[PDB]
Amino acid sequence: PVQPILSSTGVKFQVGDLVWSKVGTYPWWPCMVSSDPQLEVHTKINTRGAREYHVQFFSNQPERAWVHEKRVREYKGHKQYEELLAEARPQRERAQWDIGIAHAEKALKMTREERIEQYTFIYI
């Protein structure tokens, strides 16, 4: 542990699109592109000029994050995970990933419009 402070583009995805997202130390997670409830945007540009996407996790958890374009890939099927692991977990986390994959595979059978109506997060 060393304190770092001691030293001191086209839109590819729309709301409802199925994606793979890499957030923190989580593995590639099945997600849906959605609009941020506060910002009312699904995509934005960094102070460095890079594109970012707001994604909601397929899980039993209401997980959401603003992910960099390099960590957002198209979801074509659950077997695509092996390709993502080739490019490069707790029991409770593996169970929520399996629940995620189960619903993402169901969402692939639906249209983008249908995915929004069934899986968009409830905000209060």
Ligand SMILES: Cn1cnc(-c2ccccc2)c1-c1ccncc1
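Only the largest set of C-alpha atoms that superpose within 1.5 Å between the two forms is called the rigid core. Residue numbers count along the first chain shown, from 1. Only residues modelled in both forms are compared. Compared with the form deposited with this ligand bound:
- A movement of the C-alpha atom of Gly77 falling short of 2 angstroms is seen between these two forms when the two forms are aligned on their rigid core.
- Relative to the superposed core, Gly49 undergoes a C-alpha shift of no less than 2 Å between these two forms.
- In sequence order, there is one run of three or more residues whose C-alphas all shift by 2 angstroms or more between these two forms, with the rigid core superposed, and it is 46-49.
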Given for the second form:
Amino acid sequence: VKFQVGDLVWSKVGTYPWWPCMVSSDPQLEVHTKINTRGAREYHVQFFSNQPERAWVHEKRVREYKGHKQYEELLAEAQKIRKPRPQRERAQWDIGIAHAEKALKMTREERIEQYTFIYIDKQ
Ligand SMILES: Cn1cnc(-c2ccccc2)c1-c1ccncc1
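Can you give me the structure for the form deposited with this ligand bound, which would complement the form solved without this ligand we have just seen?
Let's see the whole complex now, leading with the same chain.
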């Protein structure tokens, strides 16, 4: 384990770009980290966005979030070739970054209080 609840991280999931997240405890498993069915470590994250969502992410797809300007360094990990940025997606990413920049100014306990999602079971 390298991340704990309330840590700010970037996650690279599915078809999405590196995205600002907060590590959190899964509402059902009550753990923020686990070993998956392939034997690899995963972390439970919340995506910062206008659309609240969560996911289990392979440790190789998680990075410490030091600030929004780190995005360039993450693209460097992979003429220069750049993927274009789709409009709706860029708008949600900018919202997520604005929240992550606000969260970076808080303590870990403050972030946990401000951002941990409330989960409501389908009735
Ligand atoms: C970056 N990202 C990777 N997966 C998701 C996602 C997960 C489950 C359902 C839907 C999307 C998102 C995302 C989440 C919220 N806002 C923007 C992107």
